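Form deposited without its partner chain, single chain, as structure tokens, below.
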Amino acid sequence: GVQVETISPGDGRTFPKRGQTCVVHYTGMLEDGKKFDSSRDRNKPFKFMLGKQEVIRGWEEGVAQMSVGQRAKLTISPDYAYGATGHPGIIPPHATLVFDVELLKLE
């Protein structure tokens, strides 16, 4: 599933609801610490609508447990990420992924 560990607290009150647009900054790494993607390197927050399956399941479920302003580390099993096939050339088969995610605002 997805394990959410707080790095820095949010407001503890405003949680994302289905249909809302989450604006986040994130860094994705493989289990060994190798970074594969990051909005921070592009200096542009990423937006996605909760509930439209525009992102991996681990995000849909993990970000929903975060409050606005919170920074958290999400550890995601392959079944909630890219599964057995992964994404050849980027994400290996059966990969557990770790994400450093900061929820900036909801639109």
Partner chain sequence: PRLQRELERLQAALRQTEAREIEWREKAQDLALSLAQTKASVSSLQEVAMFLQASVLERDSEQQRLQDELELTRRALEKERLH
The other form holds:
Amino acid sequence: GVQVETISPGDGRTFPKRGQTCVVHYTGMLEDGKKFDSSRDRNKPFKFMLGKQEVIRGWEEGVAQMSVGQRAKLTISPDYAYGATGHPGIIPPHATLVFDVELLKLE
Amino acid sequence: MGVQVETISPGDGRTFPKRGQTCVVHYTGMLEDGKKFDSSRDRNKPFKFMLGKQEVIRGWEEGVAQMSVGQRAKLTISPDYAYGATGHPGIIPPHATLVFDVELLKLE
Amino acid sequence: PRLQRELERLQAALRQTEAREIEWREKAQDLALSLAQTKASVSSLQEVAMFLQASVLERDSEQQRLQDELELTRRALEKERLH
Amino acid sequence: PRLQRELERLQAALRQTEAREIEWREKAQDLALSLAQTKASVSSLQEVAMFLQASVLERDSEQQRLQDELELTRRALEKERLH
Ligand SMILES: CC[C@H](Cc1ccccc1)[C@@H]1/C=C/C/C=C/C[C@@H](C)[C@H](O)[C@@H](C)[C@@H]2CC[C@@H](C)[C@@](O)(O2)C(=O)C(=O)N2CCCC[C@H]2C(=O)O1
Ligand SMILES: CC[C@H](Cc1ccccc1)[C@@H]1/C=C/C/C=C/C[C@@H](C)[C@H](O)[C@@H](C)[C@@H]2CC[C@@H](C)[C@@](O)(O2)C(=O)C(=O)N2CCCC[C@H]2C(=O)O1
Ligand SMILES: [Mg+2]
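Rather than the form deposited without its partner chain that you just supplied, could I have the structure of the form deposited with its partner chain bound?
Zooming out: every chain and molecule, the one shown earlier first.
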């Protein structure tokens, strides 16, 4: 599954609903902290619509538990990410992922 | 200053894609000198796109729309109908005229 | 007499070159692993793009049916508003 | 002589090792250049994927508004058939 731990608190009351666009900044890491991707490095907030399966299951479940303004660590097991195959050159097979995600706004 | 279509092999001359139809195709993408940058044939996997939905570069939208089912054609596409001044670093250089060897396999 | 000295010098020059050969080989072998992993990364991003395009197509197919149904339903509403 | 054999053997070993060093050096340089170029294609495909995901999102937003309009048109049609 996915574990959600708070880095910095949000407003604690504005949670995203299905069909809403989540605007976030994220850093993606392997379990040893090695970065593989970051929207912050691009200075370009990432956007996705909740409930449309545009992103991995760990995000679908994890981000929906976050409130606007919250920064959180999502620890995602491989069955909720990229499983037994992974993505050669990027994500190894059976990798647990750690995402540092900030929910900036909803639109 | 657009796209030119030269027939390599003829199609049925009768079944032309309409906007809203999915075109199933094989293509090989080459730079003007003949250097291959991409191929659906090397993947063994036909490429699919819907005509009239702004899914592909303008040279494709205009070129593939002139083809009938079964036709194989060379599409020579100017930079303004492809990737322009910027290109795609490491794949398509600045101001690249592109040549696609395209075959329309079927419509779905 | 002096030829014993030069043979030892060339032996030491050979050891130095042998060391350099190893440094370049190892540098080359490390770069070769980075390249293979970076090439793998390209293939994986290509396949991700292929998936995202299949997703765009699936959405446009669904958009096509919704546009047709909306058009017909609008037409029926105009027909009813006359009569 | 005694040393002429070892001098010839040291000359041959040195030139062969030097040639091998030169090849590894050239390979390391060419792999470094190829790596830099492949890294650029990785960045470009990332940007293509970013665009395709923005296209998916845009289709999903448009589907949501098209569906909503269809619903409003249906309610309006239903109300005309009552009132
Ligand atoms: C492998 C991409 C994967 C495809 C997928 C979609 C739906 C369901 C299951 C999988 C899906 C894709 C979504 C939408 C496209 C986004 C395009 C640009 C912004 C990403 O940078 C892409 C190029 C890379 C590909 C390799 C990935 C390992 C990762 O680095 O994204 C990454 O950070 C990740 O793991 N990301 C990106 C940030 C959100 C979480 C997660 C994800 O869900 O990815
Ligand atoms: C830059 C990709 C571009 C983005 C775009 C979308 C809509 C309008 C304008 C541009 C658009 C995208 C379409 C839908 C995604 C398809 C994903 C997989 C199948 C492609 O292999 C992608 C990963 C690469 C990206 C770099 C390109 C240089 C090229 O190598 O495709 C290529 O051959 C091309 O020039 N292609 C792919 C086959 C059709 C012709 C043309 C094209 O229109 O591409
Ligand atoms: Mg339509």
